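A lone chain, given as structure tokens: the form deposited without the partner chain.
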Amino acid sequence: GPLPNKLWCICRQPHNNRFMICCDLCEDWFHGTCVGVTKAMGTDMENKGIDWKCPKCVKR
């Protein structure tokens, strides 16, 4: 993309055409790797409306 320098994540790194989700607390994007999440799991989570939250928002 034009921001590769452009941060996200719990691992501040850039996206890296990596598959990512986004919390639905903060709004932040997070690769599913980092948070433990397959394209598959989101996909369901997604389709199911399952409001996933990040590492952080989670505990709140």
Given for the second form:
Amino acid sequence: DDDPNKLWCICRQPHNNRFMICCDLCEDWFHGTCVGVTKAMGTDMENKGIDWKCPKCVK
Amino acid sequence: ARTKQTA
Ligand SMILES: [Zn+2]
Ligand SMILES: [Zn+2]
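Next up, the form deposited with the partner chain bound, please; the one we just looked at was the form deposited without the partner chain.
Then the entire complex follows, led off by the chain already shown.
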């Protein structure tokens, strides 16, 4: 769902064409800023097949 | 983990 007005992430804000990463457990999307993941970090995980979980799913 | 807006 690419809805530009839908609220996402810990911060409850739209995607705003910002870098976002999808949690491999809840499948929701998170701004890299809010979970501490830069584009370089997230692309590297995706390229290497390394799964990532948001902070809530980790706990 | 899928990603978007990575340019
Ligand atoms: Zn956020
Ligand atoms: Zn999650």
